[PDB]
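Participant: Based on the hints, put chains F, E, B, A and D with the ligands in the right spot on chain C.
Here's the letter readout for the chains.
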Amino acid sequence: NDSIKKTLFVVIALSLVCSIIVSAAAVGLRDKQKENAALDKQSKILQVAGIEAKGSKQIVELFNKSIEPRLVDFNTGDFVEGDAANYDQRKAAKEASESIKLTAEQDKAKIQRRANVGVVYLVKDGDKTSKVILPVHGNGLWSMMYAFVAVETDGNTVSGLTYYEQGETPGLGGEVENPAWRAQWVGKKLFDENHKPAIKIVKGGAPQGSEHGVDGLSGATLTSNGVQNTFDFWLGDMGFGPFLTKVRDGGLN
Amino acid sequence: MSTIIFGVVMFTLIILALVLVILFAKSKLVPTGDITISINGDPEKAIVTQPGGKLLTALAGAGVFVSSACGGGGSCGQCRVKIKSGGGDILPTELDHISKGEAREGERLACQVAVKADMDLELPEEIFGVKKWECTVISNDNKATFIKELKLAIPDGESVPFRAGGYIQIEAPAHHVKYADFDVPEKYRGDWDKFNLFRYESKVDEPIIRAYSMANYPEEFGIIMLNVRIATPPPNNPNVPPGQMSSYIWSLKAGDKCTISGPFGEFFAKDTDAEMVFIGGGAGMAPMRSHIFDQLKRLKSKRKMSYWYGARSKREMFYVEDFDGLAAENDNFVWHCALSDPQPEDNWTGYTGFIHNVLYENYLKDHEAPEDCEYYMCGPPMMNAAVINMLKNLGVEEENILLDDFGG
Amino acid sequence: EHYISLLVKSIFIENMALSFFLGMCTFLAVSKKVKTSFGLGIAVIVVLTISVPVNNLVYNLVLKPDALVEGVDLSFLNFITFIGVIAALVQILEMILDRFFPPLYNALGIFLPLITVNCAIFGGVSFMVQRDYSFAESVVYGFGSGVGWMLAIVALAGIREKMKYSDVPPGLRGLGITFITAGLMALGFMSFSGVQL
Amino acid sequence: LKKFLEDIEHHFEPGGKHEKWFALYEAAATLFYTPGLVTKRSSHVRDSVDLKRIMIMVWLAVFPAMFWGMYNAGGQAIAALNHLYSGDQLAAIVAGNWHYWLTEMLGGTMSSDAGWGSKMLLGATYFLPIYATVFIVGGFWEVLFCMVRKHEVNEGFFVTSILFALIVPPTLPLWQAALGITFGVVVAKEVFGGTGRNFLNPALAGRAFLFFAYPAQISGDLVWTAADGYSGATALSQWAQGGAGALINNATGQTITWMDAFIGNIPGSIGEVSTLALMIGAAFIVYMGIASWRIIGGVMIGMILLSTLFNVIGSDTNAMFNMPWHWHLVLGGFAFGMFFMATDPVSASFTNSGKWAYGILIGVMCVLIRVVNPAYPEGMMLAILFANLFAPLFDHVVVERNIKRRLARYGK
Amino acid sequence: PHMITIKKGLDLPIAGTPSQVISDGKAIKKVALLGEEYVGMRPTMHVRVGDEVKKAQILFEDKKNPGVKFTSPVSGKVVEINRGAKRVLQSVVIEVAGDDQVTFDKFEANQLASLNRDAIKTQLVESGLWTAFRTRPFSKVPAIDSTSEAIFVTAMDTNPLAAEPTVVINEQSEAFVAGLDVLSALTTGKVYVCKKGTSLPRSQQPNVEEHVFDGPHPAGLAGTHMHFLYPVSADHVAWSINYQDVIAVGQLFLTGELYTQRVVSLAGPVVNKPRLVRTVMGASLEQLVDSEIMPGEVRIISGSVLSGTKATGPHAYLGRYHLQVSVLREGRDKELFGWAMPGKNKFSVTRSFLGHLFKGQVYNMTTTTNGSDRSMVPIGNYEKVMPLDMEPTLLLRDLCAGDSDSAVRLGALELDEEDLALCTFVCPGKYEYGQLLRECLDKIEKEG
Amino acid sequence: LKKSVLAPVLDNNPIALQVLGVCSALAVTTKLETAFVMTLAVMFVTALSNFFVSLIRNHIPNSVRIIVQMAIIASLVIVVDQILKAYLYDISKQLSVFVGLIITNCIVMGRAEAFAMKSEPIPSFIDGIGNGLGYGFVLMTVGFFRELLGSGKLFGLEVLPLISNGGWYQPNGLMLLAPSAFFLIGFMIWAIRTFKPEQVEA
Ligand SMILES: Cc1cc2nc3c(=O)[nH]c(=O)nc-3n(C[C@H](O)[C@H](O)[C@H](O)COP(=O)(O)OP(=O)(O)OC[C@H]3O[C@@H](n4cnc5c(N)ncnc54)[C@H](O)[C@@H]3O)c2cc1C
Ligand SMILES: Cc1cc2nc3c(=O)[nH]c(=O)nc-3n(C[C@H](O)[C@H](O)[C@H](O)CO)c2cc1C
Ligand SMILES: CCCCCCCc1cc(O)c2ccccc2[n+]1[O-]
Ligand code: FES
Ligand code: FES
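Protein chains in written order, with the deposited numbering: chain C, 5 to 257; chain F, 1 to 408; chain E, 2 to 198; chain B, 3 to 414; chain A, -1 to 446; chain D, 7 to 208.
Please keep in mind that the hints were generated in silico from the structure rather than gathered at the bench. Incorrect hints may have been included.
[Stated by the list, open to error] Here are a few chain D residues that face chain C, going by a calculated C-beta distance under 10 angstroms: (1) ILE62; (2) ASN68; (3) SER69; (4) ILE73; (5) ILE78; (6) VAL85; (7) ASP87; (8) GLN88; (9) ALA92; (10) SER98; (11) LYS99; (12) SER157; (13) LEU166; (14) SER170; (15) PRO177; (16) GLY179.
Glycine residues also receive a C-beta, built at the ideal position from the N, C-alpha and C atoms.
Just chain C, with the same shape it has in the complex:
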């Protein structure tokens, strides 16, 4: 039997049955899966801030109590009003309207586009902004490296660092995630006394107690250069430099 009328009936019958099941899963779990993605970053933001958090309920409670996203305009360096909670900067950079093309000389970090408005997170403590977390990303040797930089109220001291997305080769370029290396970033000064970028990644180690010198990655100069460019670009005019300048003069407080 190869009746056309019957064949359509089974095809439609199968479509309806599968459609109900698939549609229910897509909508029923939409809210739960959205929470999962946010929870992952929320934990990462807490990790760099130094606030210990374990457990999904713990992450939500600590994140709400202390962290506070705030939009910031790169060109002006001042705060902005909007949906800072769910401002997907990555997608904004892709869109031409919300992104500004970078010229060859300007694009020190080798990123094609930069979003018009960035997003930061103030680590409030007792109704007082203890530190500000800046999402800075730059081009590595293999892929794009994204990291969070913690800066004190003075806007000059680095209180931490973490790379939540990298694709460098493990052992050579993947050391950026090494706890020892990240813990070595604490205490460095982003800017010199002249208010210009000073953080450096010196090959073959750094002088003991260097204020702006950071030990480089062994045998991974190319990745280290990308890290240096990322800090240099994002600390300049096109980056959070204007915002950090406001932070230096008590912008947060």
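Facilitator: For chains F, E, B, A and D with the ligands alone, kept in the frame of chain C given last:
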């Protein structure tokens, strides 16, 4: 609640559109017209059928029957049709039994090629002579401990236009029989009761077709004789499924309706003058008589033939007088037999030992030029396996060697 | 220009057969003879270059969030639509050829049935969706990936033919050696891994 | 020796004991003394050249490179050491490394005034342990496969072990070398049957294993000079970072003139440093016909076309673009790979026409990986692997063209 | 005359070349026909030990090639009928005696050109001279009913130590001219008389053509000539014949009696006085070279060293298609580190030995393989000694791998065991491609 | 049933004896946690898809037979994908597009056309589980070696102390790249063919 509705309708829309285009695609891209098969370019012999299936089924339905010893699957390779065009390329399985030269000549496996488009094929006129017959069982009396002689009568007295040493395919439907029902004469029942073979039973769920050599020569009109061997379970494997067709055949009695197909066969005597040596074994005695009788009765051949058949005792040796009369009437041909395990009641005093060894000592030991002879082998694999090497021990060539394997 | 860079990226730098392991099952099974592999390599190119653009049009038109209607997204239907569209394209192509283009059917028709679901066809669409590509961009990427895949299968077929003289140990002969042979092929194709084109 | 070997033949025979050791014994019997075998059919006279005279000849064509490479490796280590340490501090380092005080014990002074002999001795202490490890470990896999499979050990390993021990940095841990050779000997060669039955280069597949498996010890600046705590980039890496004027030897603080690069007075692995030595050695195996002159010619043409093309295009951000072709030849491992490792008969094309295409592809691929790929400092090894995979196609295309001519009866 | 020059090939400089002077030679008491020499022949003996035979009496027939008759080369009584493994007919030995012979029809010189094809075919088959022809695609005697439009008369011999045909032909100039005329009528198309630059008698028939070949050894083989004048294949079958047998064809028709006299070059490293000696077909080499070889263990070879059959035991007789006898030394001695020694007195196609420096040297080659049997490493030797427009490196791998289907495509049909001899001579792996080709070709005809 | 379900574990392995579902094996075995999750996804999808097809095998139209089975498999994976994206999100990201490829994976499609059709529902369900279990056995052993040597970890547990953490074992970089997966399966098959010569190829 709201997005689900859009998803559900969209879900059906994309899938419904896809089936429509492909369903519509077939309607205007593939033809549903029936396929016509031309036999020998003869308008009378034209077969028309819908697409699907294999070529073998179409031929059988029309009426022309092709050998199907393996019943499909590309195992025996007997099915060979000269398809001039069409039928697609040749599958790897077909190449197993078909060489590059044969494939170039157009030979193909009907049971493997699938009818999908108009094609033309050439077949020899001898195939048209193949037909089915419902022969009444004249008798199925026992002749040996493990062999039976099935005598059949062709309806209306017609004779099968077959060549000496050919075979026919007997088809039996689903059934269930018991070895107890077998009517084993007490002469051959001694060994049957020794191992209690009567306990086994045969059950068939679907029709089964098997090949069987005929012991009657072409000029024997209106009778078919088959030396069917009993395919009892091996002693090391007693509980394994007993022989289905063999159990069915041994259960037959006089007057039973027997369905056969043919005539088939390729184990035919060559047309030369070189001496032919026949080596028989088990059920293989049937072609030997046909070849021997045909060379003397039909062909009247004066050539020099030497037939040696292996048996276990006097009761397992049969047709002694049939060949002895030929020896008296034909001294050019000589017949022999060897008893490996003569029994006390045999009173045997002639040849002793296995057939393969004895014949070489008496005939091929002193032979000046035994290489040129023609060797016809038909018997159990061990008898054939030893003889081929034993023949090859005498520096024999494989061009003349023609093995009639029974699959034992 | 952008089109030239994309085509080269999808052929050498981004090779589906080896870089991403897409469509390996047919990669090893049909790599016996170069002539067969080349015929298969042509089949995947047409399927990939006809499915990638069509799917891109479909995805943007309806499946893309906030495209068919404001506030509603049908991204969850991505897998079904891509495979559903691809399956129809393979079947329809295998039929029109047998009817209107006899000679083409014998060359490509024999291979389409195994490509109705092949990994490479589905993998290319999924990667394209994960990134932002225009219609013209997708055509080059779809065509580029096909050539890259066809390059790997042909290269493997040539090696296997060259191995007719080799004496592989029993057991490792057949499928086992092909895996090792394919493994060594990836080593040679990792030279371009560092190119950021 | 002839009598002892002949008599002991009874033991290794199937009847005698130690039959499992026949494969190893046949190696010694066929090595010390040539077989007394005679022709049984076909051409009753045979050419005097056998497979054993094509390995010793190649194995003797790298000796000039080996000896200078040993001298160069020692010279850099001694010069670098004095630059870093001096006075008593040098003595502490000398007594802390078995490569140093061993040289001192045998009479080789480690001071800045060491002669040629002392420098060469230091290199030997860094090359022989690697060569011994690969030979023993590599040979063990060669024998194991042949003994188990009851084959006769083919004479193709002496050229694979020496070439793998000449393309690795002097400061290579021994255990890595054992793994590197094991992958090359087993996975790439012995799994395909043995010599003449493979499609890849066993030596370059053993190094590619260490290249990706442990990139730390076969890349960077701390591995190419056998001096403790000395971080000096090689010539080609310095070109990428800066430019033609950035080539400076941190040891002596002297610019790398072309002659110095050509002679081989630059840091790097033992075998590749000298191009003059390879040219002298490679002239023999090419003159004798052992090494194809088409592949060498093909590589040179491929490198020149792309090297010149990149110069014309130019670039203001990538300094490697403006490197002249003559600088490409005498830097990295291009000279070594072109002569001794890209000319492997088995892994190359089997057709005269195919060889030219195979040779050109190596030149094009090698230049590209050096210029457009920043991840890898240089890609002569990876260029060869790419060409080996596509070598069968090049001959297959030629065969198809040839077959088409045959079916046309050569226009007759 | 259309001249073709071969560049890729090797000329073996073996010591002791023939003096190129025809000598009376010894007296032969035993003659034989080699049964293994003919390819794919299944004998059907017509005689038994002790049976007397005449000059052209049939000895045995061919089962696979009905109608082809092999006749004895000299009158006598059969003394032995040797049979090897699996009763393979090694040779049929005959003791020369008496003078009885079987005569045939004879015609004038001019009448040969216009002779009917059927008459010519019948004459050759009965006389047994038909066995000389060899179909190139498989090197088998042509079928009785088959015919070809290209017959090649190899009037040149570039084999090492071979005799110069010009010396032999000039003795039988009249017979040779009559020989071509008979062949000219027999062929449907043309007759190609391949020859060296020297001058040879010509046939006035338009079909007969002369082509001049110059260069190393491969230029002197029938297989090379066909590839340069008439590419053969499965559909296009071509024949071949040596100049010596052509003289026999002319003698048969011009006088009506078989002509079994032959001139064979008895030369080699261990031959005291190399020269050309008259003999009879299938002479007993044990008597031909008796009291003419230096003391020591030697190997007598029928035909050229590159292609020939060892003369030991039953096979110690001259071959039907062999017009040359070579004597070598059994090099069974083992020398220390011989595989790596200065190449003095060592010959090699490559320049890896000091021997090539001394131009014009002659090497007393022995039978030693100069190595063991190993894998085939293509160091480029094959391409230097294969002038045919083929891919020898890929073709030889196909034969080694036993890929019959692929060998045909690469062009294995138009070769023979005598064409791969040089490739066998220069193989670093010490393979034997002559035997591999024979196995491959037999498989194609057996199956195909 | 125990022997029937366990038969395709090594006797008829879909990767060793056959060639099916190899793309996921060579690209998911980087971490054992992903490999185990992938094995369960295929086992569940293979069984459920076969069961539905067998339960509706009688009415399948041969014209679009592929579409109907693809729709069932496609719908099943999408539902599975939502579960993975709801819980075990971290593993889901590592799986990447290959989670969608489970629809294409030759194991689910191959068995659907081979055994799910012309078979009863319950026997088809068992076959799907058996085939998935055999396929998972390849991933586990291949994944076990890759993670054990590639990073000195098993399911994230430090088995071999790495040098970067004051350990003694240097991670093997190649184990995390494309070639490592091919060689392990190439040698894993070799071991299987040795103990089971019945699968040797001629
Ligand atoms: C051209 C030709 C001509 C023939 N002519 C004759 C003839 O004239 N006479 C004749 O008697 N036969 C003849 N045969 C043989 C015939 O085809 C059968 O071999 C025979 O009839 C048995 O048929 P069967 O259906 O009972 O076999 P089956 O029922 O399949 O039995 C095969 C045998 O193997 C055993 N067996 C089956 N399955 C198993 C298992 N799983 N484990 C262990 N043991 C098992 C059975 O017990 C039996 O002994 C001929 C065959 C051919 C091809
Ligand atoms: C000219 C020449 C170059 C060779 N180069 C190499 C090489 O680079 N690596 C190697 O392992 N063997 C080399 N060999 C030896 C041999 O060819 C090789 O080991 C086999 O191909 C291994 O199967 C070479 C041999 C010759 C004659
Ligand atoms: C330690 C050896 C292990 C087994 C492999 C031997 C290979 C081998 C054996 C020999 O006798 C040779 C003679 C001359 C030149 C090279 C030779 N090679 O490479
Ligand atoms: S019927 Fe047996 S092969 Fe076709
Ligand atoms: S799973 Fe088979 S092609 Fe990918």
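Participant: Where does the structure disagree with the numbered hints, that is, which hint numbers, in rising order?
Facilitator: 13
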